[PDB]
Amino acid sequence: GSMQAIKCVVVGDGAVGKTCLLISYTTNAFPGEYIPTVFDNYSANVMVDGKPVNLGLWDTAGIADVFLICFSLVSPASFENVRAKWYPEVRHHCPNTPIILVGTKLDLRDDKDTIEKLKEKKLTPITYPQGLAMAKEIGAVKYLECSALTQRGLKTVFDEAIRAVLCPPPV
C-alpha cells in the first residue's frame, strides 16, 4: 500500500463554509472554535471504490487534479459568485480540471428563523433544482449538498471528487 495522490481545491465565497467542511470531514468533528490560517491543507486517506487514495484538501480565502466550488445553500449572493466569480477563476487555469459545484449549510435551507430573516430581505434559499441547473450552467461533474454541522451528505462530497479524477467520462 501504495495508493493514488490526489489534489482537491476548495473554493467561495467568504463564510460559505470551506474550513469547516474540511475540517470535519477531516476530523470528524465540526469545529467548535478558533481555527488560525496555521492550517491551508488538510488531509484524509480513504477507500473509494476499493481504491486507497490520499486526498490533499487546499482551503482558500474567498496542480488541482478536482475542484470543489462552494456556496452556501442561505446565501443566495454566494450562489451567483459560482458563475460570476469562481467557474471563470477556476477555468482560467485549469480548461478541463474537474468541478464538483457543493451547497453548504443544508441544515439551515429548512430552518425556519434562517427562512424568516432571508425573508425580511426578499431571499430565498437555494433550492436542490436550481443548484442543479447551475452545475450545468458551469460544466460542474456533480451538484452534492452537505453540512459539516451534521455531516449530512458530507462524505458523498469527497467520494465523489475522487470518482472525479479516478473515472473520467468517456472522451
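So that the term is clear: the rigid core is the largest set of C-alpha atoms that superpose within 1.5 Å between two forms. Positions refer to the first chain, counted from 1. First, how it differs from the form deposited in another entry.
- A 2 Å or larger CA shift between these two forms, after fitting on the rigid core, occurs at just one of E137, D49, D110, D40, namely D40.
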The other form holds:
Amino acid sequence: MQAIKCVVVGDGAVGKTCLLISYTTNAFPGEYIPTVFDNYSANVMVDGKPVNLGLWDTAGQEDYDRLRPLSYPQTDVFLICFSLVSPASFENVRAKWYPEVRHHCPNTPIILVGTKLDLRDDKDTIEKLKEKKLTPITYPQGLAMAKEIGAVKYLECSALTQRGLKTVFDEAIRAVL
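Following the display of the form deposited in one PDB entry, present the structure of the form deposited in another entry.
If you are looking for partners or other molecules, they are not here, because only the chain is given.
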C-alpha cells in the first residue's frame, strides 16, 4: 500500500500547523490553536486507490535555514504555502521556499497553496493591508506564481471554513500517483 511523505513549508503567517490540524480533525481548532502537529499518517482512498498519507509540519523552523532541509530528503510531494492576506508570505514562495525545496529536491512535485481564503473578503484584514499600501493576493497572482515555480497545481483554501481544504491533500496525493 503506497506510502506518501508530504512536507508542508512556508512562512509562519500561512498557519501551517492549523491547516494540518484542521485537515486531520475535520475541524478548525477554534478554542485554542495548538502549536504542535506531530508527524501523522492515515489511509485515504483517492480515485479508488487506497493510500497511506504522511504529513510533516515544519513550524518552528522558519529561522533555521540549515535545519529545515533535514526534513526534505525522500519527500514525495511538497505543499509550498502562503497566506492570501500576507503579501510578504506570497513573495517568500519565490524568495525562500521554492529555491531550497528545489535545491534539495529537484524532481519532487509542488502544490502551491494559498491559505486564509476567508480573510481575503474580510473588511478589517483588507483595511489593515490598505494602510500598508497592500492588497490580498488574488487568484491570477497565485496562478502566475505556480507557473513560475513549476507547481503542478495552485489551490486556495480556508481551514476556518474547510473550503478547498480536503482538495489540497487530494491533489498532493494525485500529484504522486
